[PDB]
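First, one chain by itself in structure tokens, the form deposited in one PDB entry.
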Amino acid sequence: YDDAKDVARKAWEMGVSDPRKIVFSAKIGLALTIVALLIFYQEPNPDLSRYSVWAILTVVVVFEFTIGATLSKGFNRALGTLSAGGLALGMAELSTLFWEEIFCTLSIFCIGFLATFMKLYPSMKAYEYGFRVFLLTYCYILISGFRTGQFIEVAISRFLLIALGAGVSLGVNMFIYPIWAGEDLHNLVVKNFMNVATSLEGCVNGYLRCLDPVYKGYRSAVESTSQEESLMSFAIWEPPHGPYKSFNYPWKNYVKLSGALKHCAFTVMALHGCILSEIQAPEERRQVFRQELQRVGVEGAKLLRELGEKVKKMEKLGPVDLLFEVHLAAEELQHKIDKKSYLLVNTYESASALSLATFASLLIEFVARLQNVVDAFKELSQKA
């Protein structure tokens, strides 16, 4: 019973935090019950209601979270289905022309074999639903057409059914509280700034706290380029929905600003590795560089926090001279290790000392990786 409390809590916790799941499930439920209500109350005549399941099963099979996703995946499945339709109907008139059972058997071996590879090819890894709905539509059309004499009228009826289902699908998805895929990416390029500034602050302050929240911080930023590169495929399909003024919005720098950041979060990786490493500097020697090591972590996060606030607001005003206090912090960090360098050099009696030299110069590097981002965001600030 206590475990079941969490399951209810899990739904509530993901619910109250993000009111985008409840609304999506409400939208799909509404679409399904509207199709069913239309079937039962407005089309009760059995003259032709069998195919009425096309109508409710197409709403279920083509309704997805983001307008871009629904629209592009509908386009790909429509190309697969219509290509199978044209090619299969050509093969169907042929396959009635005189040994047609054997010809129509080979005509499905060939399609299965050819479509399988282009499904399995490494490049076409996300265009897999298209190959499934093409291999699975060739087969259906071909069997039904070998069975029936004049298929094309029933094919016309099936298309208006899968246009009466998908019509309501797209309409309800786009008009009733839409969920775009453009601002699912503008709210993601600005999320990584927030969970990297803490990863920087976690790794600078976890190194010294003596006498994981960090591991979930920076691994989200790094593991998003495989995602933002998808949300860049979905983002091109939406209209200029609101602030995103014109068509051809540069959803190419949001994977470039998140590119220079994910490249700047490859020191915070090794910056964390120094605290997880089996060799690390002793407590008493870390706490001689306490100020400057904290000084970079303190100010270094403040900039990278408000670099996000320059994306969330997408402030068409400017990032003017951001890195002065991090440069000063890094410069006098190095000049601070110029005096107390004997704590870094003369087996293991010197392998542990010297890992304190490895953090100090994995943190100055992060200061240098931080000039690349501001330029990779200065292009995005102006032209976008």
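Numbering follows the first chain given and starts at 1. The term rigid core refers to the maximal set of C-alpha atoms that superpose within 1.5 Å between the two forms. Compared with the form deposited in another entry:
- After superposition on the rigid core, displacement of the C-alpha of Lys316 between the two forms amounts to 2 Å or more.
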Given for the second form:
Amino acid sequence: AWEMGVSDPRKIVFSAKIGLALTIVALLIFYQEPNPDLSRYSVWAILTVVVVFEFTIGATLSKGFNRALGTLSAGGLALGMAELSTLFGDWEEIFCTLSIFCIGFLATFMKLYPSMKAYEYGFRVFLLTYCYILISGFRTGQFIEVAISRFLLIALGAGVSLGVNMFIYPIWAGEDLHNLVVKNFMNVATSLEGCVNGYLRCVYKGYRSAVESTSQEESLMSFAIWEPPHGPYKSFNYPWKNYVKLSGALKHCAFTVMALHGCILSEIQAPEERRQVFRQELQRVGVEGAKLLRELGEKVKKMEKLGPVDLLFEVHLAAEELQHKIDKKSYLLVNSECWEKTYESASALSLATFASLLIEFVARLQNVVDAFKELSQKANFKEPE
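Having seen the form deposited in one PDB entry, please provide the structure of the form deposited in another entry.
What follows is just the one chain, with no partners and no other molecules.
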């Protein structure tokens, strides 16, 4: 509560902004000219305020657009059907209930398509609007004024919500994707160091977050294309997709770290005295990889180009040293007596797996640098000092 608000003060301004918009609309309702008609449906502007206030600008715009589409299409259909029903003078309510059944069937079937799972909020407003408009206009006609009057209040509430959200300490979604990339870049290096240290002893959140955030970064990329230029991101079509390409290149590397972590939890393990022979070569690779990943993260954070010096020299040298060391002592991994128990042989063979997975990670490192170079070319990154 108090602790969570203290740690993140972004969540205490949003609640106050929502309260401020609600207070504004409440005052505008309470202090108004005594017009008898609207006081029976003036409660709609505050429900619109409650329903259309979202955390980010891009989400607000995109979901308001979808809700408006649904409302307007449902209203058009309801008006058309109500106009048509008059022909069947003897059976008007029968026709209305038969239209309600069919529309409810169709609207419920079309929302169960798996590819429309993220738009379930826009299929509810369609059915609500159709049913409300059809049932509320049956008596005494009055179909076309039970729509304009209740749509103008919705417009007013949406305008108030948009103004308050957009003109007072706004939160953007592109700066959230920009920060998420940097966080993943640091988590992966922490995980790698932890795994190597744990194996060499006499880790999970990092690669888990680096391998389980594809949908978060895609929702964030779908919210960031609605927002206008601001701050450092001065351009009409900012390439938000190259960030996702870099994230995928990094996740491909994180898979190997996940396999290395799985190596520790294995039922079959190698003796300690055999592990201790390769300590320094195994540790140097992890040190160099962590340094490279942190350097790439810092360069991404400040929007800077790569320098002239090669970044993969040291880790490649360490990997070649590791290969030479493995070649020199390969007689500890296999047994030559049987050349032409089983648990001991499996334990002896289980160390080559760890070494080969480390070498595979080092080999995979280069796609990330290629993707970073492409992204820094697409967006105008500053020349390094």
